[PDB]
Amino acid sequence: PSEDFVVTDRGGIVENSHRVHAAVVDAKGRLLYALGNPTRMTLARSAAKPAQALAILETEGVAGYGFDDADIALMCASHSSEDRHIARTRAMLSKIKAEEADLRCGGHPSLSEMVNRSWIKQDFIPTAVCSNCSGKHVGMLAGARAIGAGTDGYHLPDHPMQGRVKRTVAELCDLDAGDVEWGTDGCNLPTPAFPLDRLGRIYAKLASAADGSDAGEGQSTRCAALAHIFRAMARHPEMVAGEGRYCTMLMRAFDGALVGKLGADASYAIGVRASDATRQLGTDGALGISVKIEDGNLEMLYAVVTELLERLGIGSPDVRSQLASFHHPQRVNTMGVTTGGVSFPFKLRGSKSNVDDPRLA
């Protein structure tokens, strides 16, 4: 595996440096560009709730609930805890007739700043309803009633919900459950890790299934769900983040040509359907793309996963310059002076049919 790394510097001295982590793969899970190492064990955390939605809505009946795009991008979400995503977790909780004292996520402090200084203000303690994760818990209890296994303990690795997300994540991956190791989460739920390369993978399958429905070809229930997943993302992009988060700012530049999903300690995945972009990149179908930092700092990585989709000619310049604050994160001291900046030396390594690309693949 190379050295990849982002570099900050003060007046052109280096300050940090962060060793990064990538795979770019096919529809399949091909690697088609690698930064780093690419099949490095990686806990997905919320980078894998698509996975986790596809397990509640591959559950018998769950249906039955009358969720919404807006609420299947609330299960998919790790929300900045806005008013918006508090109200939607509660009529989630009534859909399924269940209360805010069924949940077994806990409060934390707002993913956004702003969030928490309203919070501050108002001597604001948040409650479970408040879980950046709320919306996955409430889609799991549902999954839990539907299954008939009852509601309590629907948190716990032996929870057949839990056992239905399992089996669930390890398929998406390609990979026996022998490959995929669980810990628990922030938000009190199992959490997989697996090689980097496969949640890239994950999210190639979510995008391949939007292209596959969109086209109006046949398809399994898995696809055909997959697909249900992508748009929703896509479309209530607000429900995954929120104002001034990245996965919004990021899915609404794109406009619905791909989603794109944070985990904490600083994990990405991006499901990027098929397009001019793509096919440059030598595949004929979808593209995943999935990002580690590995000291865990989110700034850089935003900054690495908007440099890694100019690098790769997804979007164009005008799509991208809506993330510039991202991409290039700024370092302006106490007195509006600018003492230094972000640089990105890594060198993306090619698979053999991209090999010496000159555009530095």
Second form
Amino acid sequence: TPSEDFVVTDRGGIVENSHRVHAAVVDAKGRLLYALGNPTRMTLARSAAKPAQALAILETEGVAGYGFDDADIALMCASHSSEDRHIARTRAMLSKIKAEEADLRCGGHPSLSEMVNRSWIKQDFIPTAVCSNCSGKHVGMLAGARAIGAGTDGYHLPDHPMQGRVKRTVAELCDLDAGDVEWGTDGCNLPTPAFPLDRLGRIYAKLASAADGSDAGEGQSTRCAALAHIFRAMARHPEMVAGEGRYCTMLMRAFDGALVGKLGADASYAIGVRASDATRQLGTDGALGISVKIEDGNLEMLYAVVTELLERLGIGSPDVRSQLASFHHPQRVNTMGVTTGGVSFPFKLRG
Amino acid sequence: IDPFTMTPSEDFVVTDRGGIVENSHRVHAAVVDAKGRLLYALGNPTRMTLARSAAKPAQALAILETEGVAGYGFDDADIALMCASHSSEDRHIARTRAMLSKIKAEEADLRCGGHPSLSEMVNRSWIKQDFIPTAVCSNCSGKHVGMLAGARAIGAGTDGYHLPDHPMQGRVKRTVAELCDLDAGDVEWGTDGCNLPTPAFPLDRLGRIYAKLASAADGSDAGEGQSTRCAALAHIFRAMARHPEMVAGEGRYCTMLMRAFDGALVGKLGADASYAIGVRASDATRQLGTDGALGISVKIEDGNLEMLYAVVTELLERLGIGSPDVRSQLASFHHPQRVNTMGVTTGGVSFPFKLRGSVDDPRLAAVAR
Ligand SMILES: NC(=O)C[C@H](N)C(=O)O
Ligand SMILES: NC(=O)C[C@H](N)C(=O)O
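Now that we've seen the form solved without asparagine, could you pull up the form deposited with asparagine bound?
Let's see the whole complex now, leading with the same chain.
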């Protein structure tokens, strides 16, 4: 039943590569509104799960006492580029909980920004724990472990109360039983979840619906309040969520609060869209969630597809979306500056 | 699922994290004999495919068959560079300059452009020095010098040697079609990263080209009288196998593969994850059911290079080509490391594809896809 939905690159009209696309567009309750490919594909959310992990952090008893601010929370939600400012905020968050880099249980890695990495290579810099793109999430989990008086040495271990909280919080936001979320080990060495792709879109529709309810002044549950805070923090500090030149940062800056978006490693993407004229035209009375997976893991194709999807869905104005033109139709020019090909989207959204 | 209803559309290489599927990649492959007969396949063995740099031995043949080129005294290592996607190591740049000197041309005459090195270790050196690579650094620089050489030798004029209407490119186009045994209209052309025309043709015909390279080396080694074309194909095989480090560079798959096999085959990468291998006749080829040389071609549909090298190494194991000792020099490519930032292995690579050729119910259709 799932369609054969591809993004296709060409050289002079000749097919070069093709990439299978899965996508789910869901309403605030998770009802499926549109799809590409298999919208329930079992999928490792990777960093796209970080807002749910941030919720588990913020709901931990005592964490409020550390005084994390909106930018700090954004870093919790981040796959950052390890820019100097991300490292500086990581250290500033460590000081708030009276911890040090040696307490982190994540490891360093080449930067997610090629430009940052080239700067590191030029200076013989070896990245350390504090440079991890997940460093904000790890400081938050350290904070939560310290807050309830758990040991900090193994805050990252599955049998630690902090991961118990994380596991529970992910299943709850997905509206799934414990047994329907699978877990492996992330690149930062935390447990990391897999669940049907549509449930990733459900998380982000719940983020945006919470922001909507907070804007509207309602008897919001504390959990919705915290989801609303996470949404506001990501959209207020999108540079913390990724970095200069990064899709997530340029996307959220372009939309100036109308949505949040977040990358997952190996080419997953999630967007939470606040209710707008666009969502209403799409047939829902509330917020909307979008989740996308490129089957083979290609990031360049992910960003192209996501921006094409936003265009198909009518989300944003043409002028707003044109800020992402370089991601939507990636450059295909050779060493002599000649255009050799392009990218095409032969898929069709099914309602 | 069902082992008795498996299909080419299910030929995948798959990565996992703790057994949970991360990515999956469709595989296409063709294994052919020296006449192009299809012996084994994965996916769609006739997929229209841009050969990219895997066409370079065909381009090198067109260069070497250009009347007058023999006078320049290009040697075996020069020819291997014409066949190369090199790493832009200093020796590759130096040999490019040496070849330019042999034809009395200049770097300014190259019509290819620089790019980040194909080797991460070379590229790191460049980054430290803020070096901007130039034409002479192109991974295709040996091919371009050969094309310049051919243009000069025939009196054609060098300024547009890379353009489709230039005789050197007419010669390339004719030569590719001839080696593929295709009519001109069954080969399509686009423009490569190095700014030359680049061919696309059915994937099996890429294996056919390399089958012919290996077949020519067999005839040469055995002392058979050969056509000028077969003699030239045998020289190209010889050059690549004797100077595999010119064809790629240190740490590169093609180099390690050809060193490991020590003359038994040649192999060559094409950009966006194609691979071609020409295998001299051997006990292994005979057990696979042919009395001559063999060619192999592989394309990963989505273009992932790491998956290409794993698949190609798995395919050699499945074909019984090599020894476990020979192929174990390629172990790092065969099963790519999946180690996280804290030294913990998180997953791995698996090969749920099924070679077809020689078993199933006649009622199982093998729809190439
Ligand atoms: N951006 C990412 O998905 C990072 C991922 N959570 C990792 O640690 O590997
Ligand atoms: N390896 C490759 O295919 C290189 C390709 N011929 C290019 O133009 O760069």
